[PDB]
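Participant: This is what each chain is made of:
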Amino acid sequence: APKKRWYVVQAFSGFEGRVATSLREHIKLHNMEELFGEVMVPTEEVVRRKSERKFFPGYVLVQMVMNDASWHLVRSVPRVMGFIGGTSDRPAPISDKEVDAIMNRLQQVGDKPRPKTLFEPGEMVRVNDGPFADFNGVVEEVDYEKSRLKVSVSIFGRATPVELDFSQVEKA
Amino acid sequence: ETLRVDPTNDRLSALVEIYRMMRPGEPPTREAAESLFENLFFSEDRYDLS
DNA sequence: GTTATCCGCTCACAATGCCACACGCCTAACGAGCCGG
DNA sequence: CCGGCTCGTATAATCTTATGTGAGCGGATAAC
Numbered sequence: 004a005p006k007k008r009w010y011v012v013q014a015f016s017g018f019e020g021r022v023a024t025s026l027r028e029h030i031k032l033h034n035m036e037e038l039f040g041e042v043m044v045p046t047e048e049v050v057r058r059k060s061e062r063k064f065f066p067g068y069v070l071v072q073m074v075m076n077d078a079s080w081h082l083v084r085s086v087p088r089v090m091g092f093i094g095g096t097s098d099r100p101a102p103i104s105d106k107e108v109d110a111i112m113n114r115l116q117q118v119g120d121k122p123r124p125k126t127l128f129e130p131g132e133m134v135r136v137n138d139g140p141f142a143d144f145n146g147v148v149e150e151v152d153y154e155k156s157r158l159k160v161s162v163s164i165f166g167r168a169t170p171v172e173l174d175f176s177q178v179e180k181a
Numbered sequence: 349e350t351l352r353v354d355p356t357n358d359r360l361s362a363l364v365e366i367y368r369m370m371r372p373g374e375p376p377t378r379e380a381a382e383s384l385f386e387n388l389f390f391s392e393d394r395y396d397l398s
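The listed protein sequences correspond, in order, to chains G and X.
Numbered by PDB author numbering, the letters in the first sequence go through residues 4 to 50, 57 to 181 in order.
To convert, take the position in the second sequence, counting from 1, and add 348; that gives PDB author numbering.
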């Protein structure tokens with residue numbers, strides 16, 4: 004069986020969001036469906058100021074098996090510039106440590122643990138609730154059973170201990 | 349004399365040779381060369397005498 | 001053989017000066033703006 | 001109540017009647 008592998012495809016400046024979907028409809032249409040491997044395009048999120062940046066500007070990663078029918082299938086897609094390989098008539102497939110590194114760089118969006126419920130003592134954090142709202146202080150101990158942080162807020166250059174919650178403090 | 353000059357021998361090889369003349373580097377494929385030679389002359393879309 | 005020449009193919013580079021006149025010199029889609037439903 | 005519309009603007013693409021030069025380079029070409 005042929006190993007479906009990754010290739011890099013040139014496109015225009017900002018049209019590549021539609022190119023992958025239109026390629027999926029060409030694959031559905033022309034009945035070359037038992038050969039391809041769920042193509043994608045890498046994006047990520049950066050922190057109205059926040060945005061969703063495309064990871065590679067103007068390049069598409071495509072699963073192929075590379076017969077000439079696949080060549081003329083991809084080149085018969087209305088916004089596709091030519092393949093990017095080591096030579097014309099034979100594009101070079103991308104290496105294996107690079108595909109492991111590019112699938113690994115999309116595995117950092119996994120949170121919860123540890124949002125607020127696992128917290129260490131002895132860390133200077135902030136408090137946003139109660140009369141101590143937006144003030145810095147050093148926590149003394151973390152009571153996981155009683156759910157009461159004993160935070161000494163540094164007010165007037167002096168530590169003031171108070172029992173607070175995890176949602177009533179800001180982890181800084 | 350010309351038929352003893354040329355390197356190209358038969359029909360699919362002739363379509364390959366024309367298809368390599370028009371665009372260099374593209375993969376010589378049977379159906380793509382056939383469609384190119386059809387679209388050069390024998391179709392209403394891109395060859396219209398009045 | 002192998003070596004020193006001869007020849008055909010392909011390609012960069014030039015083609016007066018001046019005047020008036022006149023009309024031309026982007027936009028389908030990626031980051032913001034308003035607030036209606 | 002975020003962007004559906006609407007806008008500010010930054011930026012990517014499938015000829016075809018010429019002549020005369022020189023100058024160089026690849027392919028044939030005639031010898032010890």
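Incorrect hints may have been included.
Here are the computed distance ranges between Cβ atoms for each label pair [stated by the list, open to error]:
#1 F390/X with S104/G: 37 to 47 Å
#2 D105/G with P355/X: 19 to 29 Å
#3 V353/X with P45/G: 21 to 31 Å
#4 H33/G with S361/X: 34 to 44 Å
#5 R84/G with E365/X: 13 to 23 Å
#6 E365/X with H81/G: 36 to 46 Å
#7 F389/X with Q13/G: 23 to 33 Å
#8 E365/X with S25/G: 27 to 37 Å
In silico negatives: residues of chain G with every beta carbon more than 12 Å from chain X [unchecked claim]:
#9 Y68
#10 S85
#11 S97
#12 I111
#13 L115
#14 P122
#15 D152
Keep in mind that the hints were calculated from the coordinates and are not lab data.
Where is the CB? At the ideal position from N, CA and C, for every residue including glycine.
Participant: If a hint holds in the structure, say so; if it does not, say that too.
Facilitator: Here is what the structure says about each hint:
no.	hint	verdict
1	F390/X with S104/G: 37 to 47 Å	holds, 46 Å
2	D105/G with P355/X: 19 to 29 Å	violated, 42 Å
3	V353/X with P45/G: 21 to 31 Å	violated, 54 Å
4	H33/G with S361/X: 34 to 44 Å	violated, 27 Å
5	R84/G with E365/X: 13 to 23 Å	holds, 21 Å
6	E365/X with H81/G: 36 to 46 Å	violated, 19 Å
7	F389/X with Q13/G: 23 to 33 Å	holds, 31 Å
8	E365/X with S25/G: 27 to 37 Å	holds, 33 Å
9	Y68	holds, 21 Å
10	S85	violated, 9 Å
11	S97	violated, 4 Å
12	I111	holds, 27 Å
13	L115	holds, 33 Å
14	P122	holds, 52 Å
15	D152	holds, 70 Å
The structure shown violates the earlier hints numbered 2, 3, 4, 6, 10 and 11.
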